[PDB]
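Every protein chain of the complex appears in place save one, which is left out.
Each chain carries a letter (A, B and C) given by its place in the written order, and its residues are counted from 1.
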Amino acid sequence: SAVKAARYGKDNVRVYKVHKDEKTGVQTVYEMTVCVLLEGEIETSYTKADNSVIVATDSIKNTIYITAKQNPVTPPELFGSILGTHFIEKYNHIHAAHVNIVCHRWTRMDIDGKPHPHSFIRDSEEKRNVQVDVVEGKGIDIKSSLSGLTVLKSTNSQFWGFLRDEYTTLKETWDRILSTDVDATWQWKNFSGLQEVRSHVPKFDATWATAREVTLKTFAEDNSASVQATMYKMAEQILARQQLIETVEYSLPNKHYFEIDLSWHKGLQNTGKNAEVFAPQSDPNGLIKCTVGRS
Amino acid sequence: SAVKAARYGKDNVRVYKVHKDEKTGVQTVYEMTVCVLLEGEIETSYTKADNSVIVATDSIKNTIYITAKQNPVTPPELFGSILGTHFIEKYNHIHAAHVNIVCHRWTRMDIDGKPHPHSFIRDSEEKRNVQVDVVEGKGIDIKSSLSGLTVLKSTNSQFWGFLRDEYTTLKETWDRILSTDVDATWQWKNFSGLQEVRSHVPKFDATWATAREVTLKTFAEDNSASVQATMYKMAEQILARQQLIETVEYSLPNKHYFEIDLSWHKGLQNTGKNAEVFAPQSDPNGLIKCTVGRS
Amino acid sequence: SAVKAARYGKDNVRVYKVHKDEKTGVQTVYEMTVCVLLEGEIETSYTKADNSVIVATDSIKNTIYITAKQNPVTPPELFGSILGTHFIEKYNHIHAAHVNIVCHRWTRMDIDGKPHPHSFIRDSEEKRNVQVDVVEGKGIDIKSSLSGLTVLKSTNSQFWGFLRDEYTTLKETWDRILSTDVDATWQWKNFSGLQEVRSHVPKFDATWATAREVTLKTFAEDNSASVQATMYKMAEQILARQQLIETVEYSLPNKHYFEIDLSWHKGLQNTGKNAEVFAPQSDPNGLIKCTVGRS
Partner (left out) sequence: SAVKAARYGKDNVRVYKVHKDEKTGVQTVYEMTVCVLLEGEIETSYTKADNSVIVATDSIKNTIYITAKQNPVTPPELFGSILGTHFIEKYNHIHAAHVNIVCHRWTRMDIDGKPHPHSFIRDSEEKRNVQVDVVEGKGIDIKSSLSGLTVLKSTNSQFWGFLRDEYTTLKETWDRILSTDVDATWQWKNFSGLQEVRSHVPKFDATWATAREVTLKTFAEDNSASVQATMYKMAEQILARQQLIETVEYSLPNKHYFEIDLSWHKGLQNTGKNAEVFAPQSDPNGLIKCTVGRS
């Protein structure tokens, strides 16, 4: 037997950082959960009880905190690139570092209509994430995403013209609820190293903002023929607005809201044009995926 | 043996309702999770296999949806009062109805700076809740709350002067992080029935808004001596602003963010005035409670 | 305004303890999550920023670990009584200690049919809990429970003869699935102090074992007329087997499994006597409660 694949490291590392402007008094906070997994010439730790090749996961944890102390933690694409680069440069025998960062929201409070200098609210469980793979001799591969963006529209969603056979019970509809939890990922052109990542730094926040804006506006405004058709429009627009993206991926649950026929009770009309009260379904759920690239 | 207490009903009933203004096209959505538990002359269902006294939980579910179809679902204090009153009026042998409602956020989207007529975002997992106890001959007892309001301030929190003995390791501090998940409850004067509840309807949304506003502003602005001292200020202000409240209760975790001494690594200074990177602690957590009333 | 109620302390304190028999080599592990909340002459911490009355929650945490080091952690009723007694004895101004313990399962592994001396499996997420309220001048009040015991029977559950009116759609049944998550609590006679608790120590494990045995056997063997009728039988049996219990409480969800009519597809018969494939319903769920005492 032989080791065909191996990686190891520290997961679920919670990190907070504060920036304090002593001149203005304005403080800004960042909170993340970080995972770093390493690959390299580590097989003997598995096959021969050779711990000499192991950079302890505890040490990886320490390194995450040290790197956050010595560098900006934003944008997460940059921080993850710095962190991953560190491991492959510091340790000859480590040849890849896989850095996942989940960024938690701490939005500055407005109090009596003015932004507060040091108070924040978790205004959504929506996350901004990165997956930064630093692979020695193969640059830096970055996937950026937003996830946990939960939305609903109460009309201007349709679903008709789907295949009908002996397995089909679903009624066609021209007016339904659509709700989802958006998971949207944009995959960057490979970067050659940390200099090239740094050279594009403003594009990371800008592209995240674009992706979010396009997602919301397209969801709100598209009189949707299907989840498939709507999500494709989102992806093509994001690709058109950032040439350093190669692909955009969406993964969207269709979180069903079922009509409730109440006509058995005193002839109450609660379906079709009269539908007001619905049963949100926790499960099951449609799950619709696609990855869009350029032709 | 004998039945000393009993209640039963349907829990975890998800409910959506839409309102459609056909003139303007503006749609408004409401989503809840409802629990209704009944008490009454039901002991023989337990002791004698007498199901004749049981209003089936399935029927309670149906009734929740019917009541939502036939009545406003907002404010939740009103909806819960209507729903609870129904059971004690409809069924002679049912003498209490305990209605819990969790209201989920669906905040209208702004698209290109304009409110969208039918698209919504779950802008926070914060909930607005009610507990409405309709007890035959004893009116309607309502507890309103907000919960899951997660906040952090990066300075202007202190904790010194606490008891120090042989069990104490905690250092005094004059500048720390404070973060919590706010659970705040206001208990209304007993209402005699549904007419009296209806007579105060505007006060429910207004008092929720007050409670939220006071919580946020006091958290942001109080240079906090302790969680205890800050939460008391919140409660006393809410009591001063609504005379139909009898008590205000807060339950606040102290979600600790620990300094990380990095001085073992190249003399890095990350404590005290130099503290920038912290370790959020998932557990354990302080838990601080109080109920404030009028003197 | 004035403080009508207050308590505070440390929640979510994870604790592991090992016992090592150096003679035999057999090791035994215990794992808990502990919460201790204190009451007393603490109102000025809320009203006057008086921290002198606060035993820091950090110190309460330290005390939990010290007490676990210096005492048995089993049975949890005893450990909680020791821990609660400590606070009211050590601190003149503290007059109640509220101790909640959740015990996690670490069941010894059998390897090649022999119990292993130091290896364990989390064989269920079922918990054994206590709530120990030590109140100065009022002894020690203990509620013991088991929770998260998830069971299903595939027949020998019925539900017919329930009230039928204009809100009822549920069909009567003489053969259905019954599944629940058992939460069962037994409330002990008040104990005068720690000596009296200690004098009954063997009864704690014995009564937990009885409660579990009775729950399982009654669930399995009762051809159930309703959740109500079955749970009452469990409670009355437990009361008959331990005179130092005053009441037994059950809280049982009815975790519904719905038939699926497939007759629209090629006449497939999957209802009534032909029902084989069912749809487990995540929500909503019936919730059935009762507290049984002696007549």
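Rule of thumb we're sticking to: a contact is a pair of C-beta atoms (placed from the backbone, for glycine too) under 8 Å apart; a residue touches a chain by one contact, two chains touch by 3 or more.
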| item | value |
| --- | --- |
| Of C:2, C:209 or C:260, the one touching the omitted chain in the full complex | C:260 |
| Which residue of C:52, C:92 or C:119 touches the chain not shown here | C:119 |
| Where the unshown chain meets subunit B, residue by residue | 166-167, 169, 264-266, 282-283 |
| Footprint left on subunit A by the chain that the document does not show | 1-14, 35, 37, 42, 45-59, 61-63, 66, 91, 159-163, 165, 167-170, 225-226, 228-229, 231-232, 235-236, 239, 247, 249, 253-254, 283-295 |
| Contact set of subunit C toward the excluded chain (per top definition) | 14-20, 27, 29, 31, 62, 65-66, 68-70, 106, 109, 111-112, 116, 118-125, 149-156, 177, 216-217, 219-221, 257, 260, 262, 265, 268, 270, 275-280, 282 |
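By our rule, only the chains that are shown with their structure count from here on.
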| item | value |
| --- | --- |
| Between subunit B and subunit A, distance of the C-alpha-averaged centres to the nearest whole Å | 29 |
| Separation of subunit A from subunit C, taking each centre as the mean of its C-alpha atoms, in whole Å | 38 |
| Residues of subunit C touching at least two other chains | 167, 169, 283 |
